[PDB]
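The primary structure of each chain is shown beneath.
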Amino acid sequence: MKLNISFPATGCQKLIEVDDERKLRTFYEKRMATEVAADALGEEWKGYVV
Amino acid sequence: XXXXXXXXXXXXXXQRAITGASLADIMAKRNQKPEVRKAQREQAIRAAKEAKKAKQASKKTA
Amino acid sequence: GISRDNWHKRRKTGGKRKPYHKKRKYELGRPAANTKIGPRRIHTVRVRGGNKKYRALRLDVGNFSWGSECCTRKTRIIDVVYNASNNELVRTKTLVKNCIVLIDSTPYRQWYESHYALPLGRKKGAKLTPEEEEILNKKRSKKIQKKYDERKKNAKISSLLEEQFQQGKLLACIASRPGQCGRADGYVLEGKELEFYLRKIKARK
Amino acid sequence: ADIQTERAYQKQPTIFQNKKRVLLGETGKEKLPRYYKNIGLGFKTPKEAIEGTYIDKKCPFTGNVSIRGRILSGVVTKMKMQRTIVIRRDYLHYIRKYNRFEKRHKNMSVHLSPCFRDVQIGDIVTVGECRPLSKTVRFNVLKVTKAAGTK
RNA sequence: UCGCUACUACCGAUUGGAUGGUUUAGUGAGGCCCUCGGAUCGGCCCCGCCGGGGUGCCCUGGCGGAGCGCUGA
RNA sequence: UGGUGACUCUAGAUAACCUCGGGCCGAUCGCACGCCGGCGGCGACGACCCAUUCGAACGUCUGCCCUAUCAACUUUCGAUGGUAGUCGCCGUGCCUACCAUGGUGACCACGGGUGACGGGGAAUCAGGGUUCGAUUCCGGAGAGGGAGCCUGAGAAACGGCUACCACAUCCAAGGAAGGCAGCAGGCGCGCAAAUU
RNA sequence: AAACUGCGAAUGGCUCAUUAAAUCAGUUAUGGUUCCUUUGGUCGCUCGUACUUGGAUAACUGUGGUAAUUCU
Ligand SMILES: [Mg+2]
Ligand SMILES: [Mg+2]
Ligand SMILES: [Mg+2]
Ligand SMILES: [Mg+2]
Ligand SMILES: [Mg+2]
Ligand SMILES: [Mg+2]
Ligand SMILES: [Mg+2]
Ligand SMILES: [Mg+2]
Ligand SMILES: [Mg+2]
Ligand SMILES: [Mg+2]
Ligand SMILES: [Mg+2]
Ligand SMILES: [Mg+2]
Ligand SMILES: [Mg+2]
Ligand SMILES: [Mg+2]
Ligand SMILES: [Mg+2]
Ligand SMILES: [Mg+2]
Ligand SMILES: [Mg+2]
Ligand SMILES: [Mg+2]
Ligand SMILES: [Mg+2]
Ligand SMILES: [Mg+2]
Ligand SMILES: [Mg+2]
Ligand SMILES: [Mg+2]
Ligand SMILES: [Mg+2]
Ligand SMILES: [Mg+2]
Numbered sequence: 133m134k135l136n137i138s139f140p141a142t143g144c145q146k147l148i149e150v151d152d153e154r155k156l157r158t159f160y161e162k163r164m165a166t167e168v169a170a171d172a173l174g175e176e177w178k179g180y181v182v
Numbered sequence: 022x023x024x025x026x027x028x029x030x031x032x033x034x035x036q037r038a039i040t041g042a043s044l045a046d047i048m049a050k051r052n053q054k055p056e057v058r059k060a061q062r063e064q065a066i067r068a069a070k071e072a073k074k075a076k077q078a079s080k081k082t083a
Numbered sequence: 007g008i009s010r011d012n013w014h015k016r017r018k019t020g021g022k023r024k025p026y027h028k029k030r031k032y033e034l035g036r037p038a039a040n041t042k043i044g045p046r047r048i049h050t051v052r053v054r055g056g057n058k059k060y061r062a063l064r065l066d067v068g069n070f071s072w073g074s075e076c077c078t079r080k081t082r083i084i085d086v087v088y089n090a091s092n093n094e095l096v097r098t099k100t101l102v103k104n105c106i107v108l109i110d111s112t113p114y115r116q117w118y119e120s121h122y123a124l125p126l127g128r129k130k131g132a133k134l135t136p137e138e139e140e141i142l143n144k145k146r147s148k149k150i151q152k153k154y155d156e157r158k159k160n161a162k163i164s165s166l167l168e169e170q171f172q173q174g175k176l177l178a179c180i181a182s183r184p185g186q187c188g189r190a191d192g193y194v195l196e197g198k199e200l201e202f203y204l205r206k207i208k209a210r211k
Numbered sequence: 115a116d117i118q119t120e121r122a123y124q125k126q127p128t129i130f131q132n133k134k135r136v137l138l139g140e141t142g143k144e145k146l147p148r149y150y151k152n153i154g155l156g157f158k159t160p161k162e163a164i165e166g167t168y169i170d171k172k173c174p175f176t177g178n179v180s181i182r183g184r185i186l187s188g189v190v191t192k193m194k195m196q197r198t199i200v201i202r203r204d205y206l207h208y209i210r211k212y213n214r215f216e217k218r219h220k221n222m223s224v225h226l227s228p229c230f231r232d233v234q235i236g237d238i239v240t241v242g243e244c245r246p247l248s249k250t251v252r253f254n255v256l257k258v259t260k261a262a263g264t265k
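Protein chains in written order, with the working numbering: chain A, 133 to 182; chain B, 22 to 83; chain C, 7 to 211; chain D, 115 to 265.
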């Protein structure tokens, strides 16, 4: 699983590679265009909404 | 047991510096007040009117 | 798709012919557009030459001429009474050309009572409302009363029509084919045909 | 009455009957004005059309069709179809090799306005061509001349 | 006629086989039409708080927060 | 008002209608630059609707090779006609509904066969014929076989697409892509036919 | 250059499997229809932000995926 992440207001991107089953647990059984806060994603994220 | 709620999400246009004018110039011209702009407009308008009647005299000269 | 071509067919004698060419665009048939009474629904089709055919799935209003007194008003359609083609088509209430239909008497009776200042389809109970009495009984000026009085010689109506108004529903027939046209428009049944069709629908019972 | 056989009402599409009148003119008579047209090639439209009561849309005189095309003649053989007859045209086809003709014939189905009547098998009918009326019927009967043995 | 050799076509069980063409019936991919469906994407309103203008309100602006409000695709 | 051999024609008058899957009315481009803060010359695209051109599509009349070891054929599932519709770009059993019982046939229908695309033509010929015309012009059909549609003024298009059947290419085995009856050229078939 | 838009790709080329009043030929009709284009006609005939209006998207920038494509 790779994540392709984008900051619109800044106008930037990064390709992150995530292998953790939990981090993806938060994303499974999800439809497109839904908002999930990225928490399990890492320590830094926290209040980040994706 | 069911979901009756339909979420309404909002769209926001942020600001970015456009290449050749940094966010300081965009905001410098944006936040410029009505006195400043009205002065600039009427001054450029009168400069243009003078150049134009000068070129009307330069039409009738030739 | 549906080919309205002639070459799938027996000869005059009846020997079947083997088709020389496979089906051509211009010989195409489309599916049947059946037209029901309800809130207005219409689908544009693009046809040969690139022109728009207006197709009617649900109709409500249609406009009609009351031919005797030469008027035409935009009315609401109620029901399909009779169809020469198919009884099945009455049952599902389908609008085709030349099927027969009930319409609101209302805008007609209004026009009429404004033209002739006379009672139409009102109960013998005679009960009236202020607007009605001010339109019908009204007030006149000399030149006016003479005009209206001069028309009063003219306006009398076939007993059949008269009754229709009393019931609120008029018998009419559709001259335009909504299927290709997009509107169901037509004329009120007067006189001989009216009596005829009345005989057919009493015969339907 | 007797004019209306069919499920639908039988009209003359271009004429408006229901024009209202005084009760003094209703007692006089009801005569619905015929629509009849003069067909062009000099066939006088028969008396029986212009007076007559019948209604046939496909008749050349009292109805909507236009006679343009070939004008042919033939002889009536079989009339059991309603408002149409089968006439046969005979002719001689020349075979070059043998320098002689052979006989031949063709059968035309052709429509016949109810104004003409007493049209009797084996009599000469002159027809003119119309736009297609039916599957096999492209023609229309313009005038009927009796067989040679009429009395 | 019989006999010998050679070559053609014929009858012949084998419900003989093969292919082609139509077609009865059952099955029925895929488009097209109709009735639905409604993931999502908007717009208008609803308020809160604040800034400018016009007279507590009105016209705007700036954000935000929210409603099974009601509309388009 | 005007027009035909003939209109239910063209034009006129009256009442209304007008599609949210909307009809017309130009929110456009260039080159010259001039005139009394205003005026405009030439063009380019657009556009509803007439008319016109290229057509196209259905009809009319007459014409085709062999066959009886094919004599009756079609019609419950349209055959033939009637009446009203639906569908279509319109005329029409085109299709539905309801009636009628027709229509074709020794003047050869119907059925079968064709080493059958039809013509313009070719070969051969005193006169008459017989045979051949896949092939450069005109018309028709078809793009492996059938079917079904998008797009458009115009295709039921195959150097578009969607299936099924028959074939066949790539694969990391998950998937993807095919259509020379265009030119070359290759295989096969064959007595039989040219340069990537 | 590219990309959006407009137009064209329905012609032309090939072949002769099917197809027997069918195709086709001469003949006529469309008063029973459709017609890009071209040519001429029309285009203030309607009585009811305009000195200019709204949103998006491609090339382009960038982050990517798949063994594979004129994929996205
Ligand atoms: Mg057009
Ligand atoms: Mg079956
Ligand atoms: Mg299906
Ligand atoms: Mg009929
Ligand atoms: Mg009809
Ligand atoms: Mg039937
Ligand atoms: Mg052949
Ligand atoms: Mg030949
Ligand atoms: Mg040839
Ligand atoms: Mg060749
Ligand atoms: Mg050719
Ligand atoms: Mg083709
Ligand atoms: Mg091949
Ligand atoms: Mg085009
Ligand atoms: Mg095809
Ligand atoms: Mg090819
Ligand atoms: Mg091609
Ligand atoms: Mg080749
Ligand atoms: Mg060899
Ligand atoms: Mg050779
Ligand atoms: Mg392009
Ligand atoms: Mg062009
Ligand atoms: Mg023009
Ligand atoms: Mg890129």
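Keep in mind the hints are simulated off the structure, nothing from the lab. Misleading hints may appear alongside valid ones.
What the hints assert, rightly or not - Derived Cβ-Cβ restraints for the label pairs, each shown as a range:
id, chain 1, residue 1, chain 2, residue 2, range
1, D, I238, C, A161, 54 to 62 Å
2, D, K192, C, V67, 45 to 53 Å
3, B, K54, C, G44, 58 to 66 Å
4, C, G44, A, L156, 28 to 36 Å
5, D, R245, C, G44, 37 to 45 Å
6, C, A161, D, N221, 57 to 65 Å
7, C, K148, D, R121, 53 to 61 Å
8, B, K54, A, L156, 52 to 60 Å
9, D, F130, C, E169, 17 to 25 Å
Beta carbons are placed, not taken as given, at the ideal position from N, Cα and C, and that holds for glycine.
Verification of the hints:
| no. | hint | in the structure |
| --- | --- | --- |
| 1 | D:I238 - C:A161: 54 to 62 Å | holds (56 Å) |
| 2 | D:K192 - C:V67: 45 to 53 Å | holds (52 Å) |
| 3 | B:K54 - C:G44: 58 to 66 Å | holds (60 Å) |
| 4 | C:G44 - A:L156: 28 to 36 Å | violated (51 Å) |
| 5 | D:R245 - C:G44: 37 to 45 Å | holds (39 Å) |
| 6 | C:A161 - D:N221: 57 to 65 Å | holds (59 Å) |
| 7 | C:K148 - D:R121: 53 to 61 Å | holds (54 Å) |
| 8 | B:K54 - A:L156: 52 to 60 Å | holds (53 Å) |
| 9 | D:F130 - C:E169: 17 to 25 Å | holds (22 Å) |
The structure does not agree with numbered hint 4 stated previously, though it agrees with all others.
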